[PDB]
Amino acid sequence: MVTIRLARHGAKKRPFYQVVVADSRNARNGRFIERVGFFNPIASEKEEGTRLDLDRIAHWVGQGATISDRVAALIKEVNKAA
Amino acid sequence: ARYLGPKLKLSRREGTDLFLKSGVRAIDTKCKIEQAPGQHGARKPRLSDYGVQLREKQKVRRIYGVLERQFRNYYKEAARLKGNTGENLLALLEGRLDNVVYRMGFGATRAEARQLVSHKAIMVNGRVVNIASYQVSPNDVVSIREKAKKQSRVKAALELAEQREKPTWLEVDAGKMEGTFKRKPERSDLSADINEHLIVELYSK
Amino acid sequence: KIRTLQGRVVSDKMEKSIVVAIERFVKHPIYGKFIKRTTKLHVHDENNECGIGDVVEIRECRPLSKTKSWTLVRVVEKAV
Amino acid sequence: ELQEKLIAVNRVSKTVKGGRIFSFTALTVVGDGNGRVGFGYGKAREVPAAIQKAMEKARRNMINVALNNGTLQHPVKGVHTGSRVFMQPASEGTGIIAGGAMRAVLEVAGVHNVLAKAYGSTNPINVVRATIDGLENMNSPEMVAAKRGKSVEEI
Amino acid sequence: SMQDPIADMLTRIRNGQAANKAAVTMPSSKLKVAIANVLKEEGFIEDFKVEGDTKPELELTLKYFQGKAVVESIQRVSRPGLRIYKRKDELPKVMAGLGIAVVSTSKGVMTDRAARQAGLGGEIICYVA
Amino acid sequence: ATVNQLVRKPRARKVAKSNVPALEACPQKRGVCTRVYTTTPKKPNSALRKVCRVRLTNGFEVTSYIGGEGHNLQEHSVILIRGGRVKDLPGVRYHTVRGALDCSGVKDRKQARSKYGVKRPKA
RNA sequence: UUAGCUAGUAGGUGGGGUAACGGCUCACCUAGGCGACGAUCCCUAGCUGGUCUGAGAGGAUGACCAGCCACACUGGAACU
RNA sequence: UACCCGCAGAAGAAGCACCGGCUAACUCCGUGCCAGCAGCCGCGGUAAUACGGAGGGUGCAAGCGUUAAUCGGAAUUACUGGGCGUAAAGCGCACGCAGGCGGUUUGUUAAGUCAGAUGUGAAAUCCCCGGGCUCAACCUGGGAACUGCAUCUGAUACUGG
Ligand SMILES: [Mg+2]
Ligand SMILES: [Mg+2]
Ligand SMILES: [Mg+2]
Ligand SMILES: [Mg+2]
Ligand SMILES: [Mg+2]
Ligand SMILES: [Mg+2]
Ligand SMILES: [Mg+2]
Ligand SMILES: [Mg+2]
Ligand SMILES: [Mg+2]
Ligand SMILES: [Mg+2]
Ligand SMILES: [Mg+2]
Ligand SMILES: [Mg+2]
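Protein chains in written order, with the deposited numbering: chain p, 1 to 82; chain d, 2 to 206; chain q, 4 to 83; chain e, 10 to 164; chain h, 2 to 130; chain l, 2 to 124.
Everything labelled a hint here was simulated from the structure, so no lab data went into it.
Among the hints, a few may not be true.
[Unchecked claim] For each label pair, taking beta carbons as the anchor points, the in silico distance ranges come out as: (1) d/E78 to p/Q63: 43 to 51 Å; (2) d/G16 to l/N59: 55 to 63 Å; (3) d/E187 to e/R68: 32 to 40 Å; (4) l/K123 to d/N140: 54 to 62 Å; (5) l/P45 to d/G84: 55 to 63 Å; (6) e/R29 to d/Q59: 36 to 44 Å; (7) d/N140 to l/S115: 44 to 52 Å; (8) h/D90 to e/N78: 23 to 31 Å; (9) l/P45 to e/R29: 41 to 49 Å.
Cβ atoms here follow ideal geometry from the backbone N, Cα and C, with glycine treated the same way.
Required output: the full structure, derived from the provided sequences and hints.
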């Protein structure tokens with residue numbers, strides 16, 4: 001079960017979710033296949049806090065990977081805003 | 002995490018004026034400079050090589066009001082930076098807010114600078130800061146709060162700013178009590194009575 | 004284009020299989036002196052045409068017994 | 010104009026029929042700050058007299074050292090009876106990193122950037138000798154160029 | 002027995018320099034002639050000449066400058082009991098570029114400075130200073 | 002030696018020996034005084050050094066030194082011991098910690114009080 | 001201041017067995033296999049990225065974080 | 001909640017170690033080889049800057065000391081980088097298997113050696129250039145590094161066959 005998920009990094013109260021494709025049975029911050037991008041919920045509004053690698057996501061999704069709900073939301077908002 | 006004891010004992014121990022006092026009066030009249038503090042301050046024993054290195058280090062720390070842990074971090078930062086360790090260390094010590102506020106003259110000494118900076122009465126680029134050791138980037142604007150504009154001590158220090166020699170790299174406007182950090186000093190503007198070379202081999206034993 | 008190793012055979016007493024010793028020079032990790040090690044491998048062989056001491060070409064293959072995982076390819080020494 | 014400083018002072022003894030006879034020895038190094046450095050050793054009953062004697066002893070027996078820019082031309086290794094000395098040129102601004110006796114010798118000579126370590130015995134009288142030996146045997150590219158008859162395309 | 006003839010060559014230059022001999026003589030070999038050629042191109046020796054056919058002998062003419070030996074220190078690095086090989090990016094610089102390191106590479110026996118620009122690297126035969 | 006000799010037998014490292022084996026990598030160890038007495042130092046010292054034979058929590062019986070002026074360590078008293086040898090006492094390789102467990106601080110002590118377990122005077 | 005170790009042991013044929021190669025297993029055949037480049041036996045020990053220190057080489061170390069391994073009161077076993 | 005504003009008043013907030021030398025910092029009183037101190041040398045038997053107290057000073061500071069443990073200094077297991085006549089250290093002497101090493105020329109091989117490329121060397125960490133918590137620790141983008149392994153192609157001076 002290959003999934004593209006958010007791994008929570010960063011200090012407390014300042015998450016730095018890390019978009020990465022991984023086997024669903026692994027830990028949230030455990031082993032993963034390959035890092036894809038990042039997402040910063042802080043959203044400082046002075047510099048971009050999200051950059052995703054859409055072509056690798058396509059290579060995974062169209063091959064049989066799975067998108068989580070937050071990552072799916074990230075895909076639609078990046079496309080509409082850029 | 003500060004110094005609260007007598008001010009001029011520090012100036013006495015290294016035997017030179019350390020600018021701790023406001024300078025409204027002569028330091029000689031206020032205190033006897035040629036004597037060391039304490040009951041043995043009459044005697045001037047032969048100071049060894051380690052002693053002179055330590056006195057240099059303690060002299061810099063007491064000019065800038067910085068403790069040993071803070072100062073050791075500055076030295077490691079200075080040694081990591083490309084260039085030369087001695088004037089890199091001095092350059093960080095200049096970029097502290099206490100020094101920049103004091104040098105631009107809104108505070109008579111670093112202690113007024115410390116109150117002014119730490120009492121939220123200093124803005125940098127319009128942002129309120131109360132950390133004494135916040136580095137000042139070039140092209141940053143430091144101004145007094147509108148509440149703090151009507152206090153006697155700040156205007157009092159402006160005259161003493163003229164009483165002493167003006168810094169070339171800080172541009173002040175006492176009409177509205179503001180200043181600008183054009184860029185860092187190059188160690189040619191700073192006093193030559195500080196031998197920064199001894200600092201390197203003290204911390205590089 | 005196939006991965007192959009050189010060696011010389013040390014025994015052929017066991018039947019349909021031989022033991023070959025791969026020699027190599029390796030720098031000593033600490034003292035920097037080129038020492039020589041030995042890799043004795045058990046090698047399967049049909050028709051038993053490998054004697055004693057003759058140089059031999061061997062290739063890795065699927066496991067064929069408890070200890071054997073290498074097979075003959077060619078031989079380059081004969082008749083002592 | 011030239012600099013002079015004292016390495017060490019030691020009290021020595023010579024017993025006689027009456028008892029001990031105490032004396033004082035002085036090791037000093039004298040350098041112009043360019044690469045012309047010498048050392049003087051003197052003996053006297055009094056410390057001022059002993060140090061003075063070493064002062065004139067150092068003004069004579071001066072040597073010349075070819076410096077690149079406040080530093081050594083190349084790594085150098087100076088050996089005396091019990092003292093081994095390794096000095097190598099360092100980058101600008103790194104200052105002097107050496108033992109007690111070597112730092113004084115090096116700083117009066119005029120080397121500002123150097124990494125120097127002392128092996129073997131650390132007796133001041135012998136490490137100063139070893140340091141002087143290294144500053145001698147270190148060479149300059151132009152003297153090497155004339156030495157090899159190959160001009161100065163090496164650097 | 003005799004097990005490092007290259008060490009013998011280096012020892013003869015060193016002892017001849019110390020004793021202020023005009024020339025040294027020693028049985029010749031191809032690697033010996035190559036190292037002598039390197040020294041001659043580099044300016045450490047006056048001239049070498051090979052004589053004889055069945056038993057060749059290198060007659061080296063040593064070099065002096067004022068009252069001092071031209072070769073300050075000559076020593077062997079790669080030895081029969083310890084072979085030393087260095088890559089391109091790890092070739093040593095004897096005396097910060099004012100000395101030479103004889104290097105046997107695929108193209109030929111040559112100095113570190115010339116080997117570093119040819120981009121070869123190889124065995125480190127000798128240090129000459 | 003020779004490189005070949007060193008490959009055959011590498012450089013054996015010097016094994017370090019602790020000065021306080023009964024502590025066994027513990028900063029302090031609790032024990033009970035199995036004998037409390039005074040002993041004379043080796044020359045050129047002369048005194049009545051206060052020491053105690055203590056059996057530790059790991060079964061190591063060892064003598065320890067009672068620092069300071071005045072102690073109330075009777076027999077069977079449970080205390081804490083720490084490293085540190087008394088030079089003029091052969092075998093006394095440990096110091097008793099004052100101010101911990103049953104051992105009491107030195108009275109009328111105004112300097113180096115933390116080294117003797119003396120609370121700050123109420124002044 | 002551990003010198004010999006090995007009898008399914010080393011290999012071959014054939015049957016069986018496993019998701020899969022294999023003495024994995026059994027019957028037979030040959031007498032082999034490992035070892036001074038340290039087998040066997042004894043003590044200690046989870047391994048690594050890394051961490052600490054050191055100019056470097058190196059020395060110590062494997063707590064937190066991540067990868068792998070192994071265990072689940074002790075010993076053994078299979079079932080789904 | 002961070003954060004911002006208003007209030008009142010210096011008001012609620014400094015301790016620890018050390019001062020014989022190594023090592024920065026000295027005098028007095030007590031005591032009198034006792035009490036004690038001590039990391040090393042050592043100090044104390046009537047002027048103790050070394051013990052205990054007190055003034056003075058020094059270092060660090062919401063910490064300061066002590067103990068334990070690791071590396072360093074220790075070139076004091078020396079690969080880099082040590083020694084063996086007398087300081088520790090050349091077997092009493094020799095023969096000799098394994099092993100280590102090997103004169104000189106040509107050819108060939110390409111195992112060591114060297115060059116190039118390719119694939120790997122997880123992320124975090126360490127380092128460089130930046131970014132965000134008001135600074136800092138902290139978090140974080142990219143890069144460098146991980147030059148170690150494996151494969152393919154090539155060179156043949158040296159070593160080996
Ligand atoms: Mg703090
Ligand atoms: Mg079978
Ligand atoms: Mg265990
Ligand atoms: Mg070291
Ligand atoms: Mg070491
Ligand atoms: Mg020795
Ligand atoms: Mg003897
Ligand atoms: Mg002897
Ligand atoms: Mg003999
Ligand atoms: Mg040969
Ligand atoms: Mg090859
Ligand atoms: Mg990595």
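Next on the checklist: So, against the hints stated earlier in the document, which numbers end up violated here?
Outcome noted: Violated hint (a single one): 9; every other hint is consistent with the structure.
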